[PDB]
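First, one chain by itself: the form deposited in one PDB entry, in structure tokens.
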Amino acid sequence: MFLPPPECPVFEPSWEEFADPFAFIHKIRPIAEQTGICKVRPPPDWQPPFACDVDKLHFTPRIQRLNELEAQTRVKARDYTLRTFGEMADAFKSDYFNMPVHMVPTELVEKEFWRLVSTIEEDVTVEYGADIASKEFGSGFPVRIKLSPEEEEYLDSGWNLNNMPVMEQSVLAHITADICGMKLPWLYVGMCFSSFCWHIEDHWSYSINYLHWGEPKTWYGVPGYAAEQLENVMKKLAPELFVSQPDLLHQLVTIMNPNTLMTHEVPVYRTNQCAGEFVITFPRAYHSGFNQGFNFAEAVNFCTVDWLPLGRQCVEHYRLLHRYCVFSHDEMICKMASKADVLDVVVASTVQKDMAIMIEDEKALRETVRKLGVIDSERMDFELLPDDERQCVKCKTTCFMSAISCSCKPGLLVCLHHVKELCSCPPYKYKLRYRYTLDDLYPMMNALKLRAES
């Protein structure tokens, strides 16, 4: 038996409300942050054109076992076209139920998914596609052949997910480090029972997902305030998932029945996303789900000004866990401060507040390491090092504001929380390597204040 969670909020914005996605997301946040996920139905005549040759789009499929609480890797040998994948997917579903595909009720697919993942005797395996856009398989939205007027109409829409990162209200917008995972949309080609395991987004970002066409995508979501409650339940039932991971390519995730979370007082919400609808996930909101049949979705991460303090909290949380970072949060803040004259004024005001916290934290850490006997110092342009050359030996954080080095261990660095973890030499042999003096930093913050105060 399966008891479906309550439905998540559904929004139907007018065209006036829809025109600015960031204003709309800010508006619905008091409701939707209490449920973790929400669904958005665009105005009826917002219909971006979907056109592709199913024989020229192709991709390498991933394969997936469907066992509850079994470890799966979040990021991982033949090849499908969009046509031959669809032929396999449709035959799979109609053979599984002995019915035509658009006659299998969504409630029955959901009930059967939770039965099959729970029984050991069933050995069902399925396949799917997942990758960023490429010449072999591009975005489902229009991008800059000669375009039709209809395609040109949607090139610069705020809800064209290619544009979402680069708009003037995103802060991930101007990370200069190429981070393919956080500005570039992912494309998901689904079949019946293919499933995304429970997760949150890197650096606790938002995400937004559009179903271009096909059968529905079923979601489960948990509000950000219950994240640690969910993690405690999973640690108790699946401890193998919580061992320390060697790389960011070795993150373990799993399938888990939402009734198990609800039994343990974790709030969970559900929805069926149909073609032409968006789903939005909020910072630190856990989510999972599965595809009802052959379909095609596109999704991207993004960060608003609301998110900025949560981003700083996330990197602190990563430090406690010795988890790798995708980018340096402080590097992003300082990059924006160096471009204060071109920032949105509301963005400038919010970045200024986070910068003030950063500067006071850095002042206190530098005083502590001076009292430990580190005397020598030198400026160091951390942004020029490859990421894997500026991680703290102990906690793996990506350094940018400062670090400690010692000529006895050439090339190694610790962050200023881990001065005692670098080597056995006494601290007077160490050097403080810093990006900025405090005297460089206060004028940078003042530029943001001037930009914000007009």
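Heads up, when I say rigid core I mean the largest set of C-alphas that superpose within 1.5 Å between the two forms. Positions refer to the first chain, counted from 1. What changes on going to the form deposited in another entry:
Comparing C-alpha positions between these two forms after a rigid core fit, one residue in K371, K135, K236, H102 moves 2 angstroms or more. It is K135. Once the rigid core is used as the reference frame, the Cα position of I63 differs between these two forms by less than 2 Å. The two forms, fitted on the rigid core, differ between these two forms by less than 2 Å at the CA of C425. When the rigid core is held fixed, the Cα atom of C52 travels 2 angstroms or more between these two forms.
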Contents of the next structure:
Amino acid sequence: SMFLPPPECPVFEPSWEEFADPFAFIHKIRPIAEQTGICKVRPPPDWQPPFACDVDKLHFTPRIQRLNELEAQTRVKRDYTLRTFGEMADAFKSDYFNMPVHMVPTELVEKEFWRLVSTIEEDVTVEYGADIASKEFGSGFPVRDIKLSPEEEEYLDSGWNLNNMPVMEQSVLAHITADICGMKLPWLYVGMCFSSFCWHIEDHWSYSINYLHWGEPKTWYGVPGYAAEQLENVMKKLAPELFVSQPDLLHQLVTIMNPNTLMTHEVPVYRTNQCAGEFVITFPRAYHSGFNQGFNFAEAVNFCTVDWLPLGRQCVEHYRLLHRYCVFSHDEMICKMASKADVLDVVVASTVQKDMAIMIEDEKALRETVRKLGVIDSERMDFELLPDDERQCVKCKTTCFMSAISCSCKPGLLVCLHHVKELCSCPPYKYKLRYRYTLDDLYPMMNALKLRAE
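To test you: the structure above is the form deposited in one PDB entry. What is the structure of the form deposited in another entry?
Partners and other molecules have been left off, which leaves just the chain.
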């Protein structure tokens, strides 16, 4: 009546053989899990990585969260150690319910969270150590440096050690060297009761893998990729403030919204309580949100497989339509992988080859189009050398790589080939096509992938 819990998302309990290879396992579950957006994976009972960080020596400054439904919050933002944060978090939850922490039922915390965010008259604020870079704070998983124990060493090379997943051969980012805003490095989340993550999808519609190392559960809500635009239409009607365009990547607006509201508008929503030692996997373009039941410690990483690759291209097209900034150039990634065709995994090579064929035919059509507009002059340009802010389309903000148009009248400015008319006031003969590759350069790059693929 007040809150109706969404149905449970799928839970998988792989055997050790199934678990050994995460890419194979994630591909196998895709038919089921992509219908729910999120799923939970319980590792085999003996897979128990030991936790390595320290409670007194690592510091962080958490974000302050006002728990108000539909209120705009920025997606990324007093000093605490893990010890002092834990003391604050435990006292908060204990005092809130006047109970011991392990006695507060998860169902009650969930009901209370949704009551609390709905009520104007409540002004409950909490703190969340969110989006902490593993660079500075260190990973919860073992990494090669401190002398590691034999127990720690068993997990250095695990496929489910989140440090390794981005650099394994079946990762399409394995041979990519640009630093990509942390898409290959894990991020940490130090939670307390009611600290929350707003509704969002991942950069470039990537997967995410999320591991709860220890503490009280993390409650999730998830929506399948197929329903993403449904959800966005519901949210735009109820909170249009969130859909006004932002000046950069760091100004993304997000919010808390009751999943019953989505369910009332026929958006499918699934839930789970993720406990210590369990993974949650989010699928491409799968909206998710949630909150922590109490003091806890989680680690997550973006993840990009051969299954994701075609969706990556659709994402950048969607970003262009919305005038939203890219984290990296998808075409640049594809061309980097083509330049390493000889060392790619053969299934990766085959998949890149297919995406490259689409890229080449689209580029051919765009170049024919701008030529018909009277852009005659051209010059090769190594787009990859330019900082991102020097190669964004004036109009749609896409990061250019394959080609762009420049104008001697407006020095430094570029547009992508969809927006030739938006660059400058001057006639078309004053423009120049700047291109990374000739069409004749591209066909052999694609053939190398084909040879590798066999």
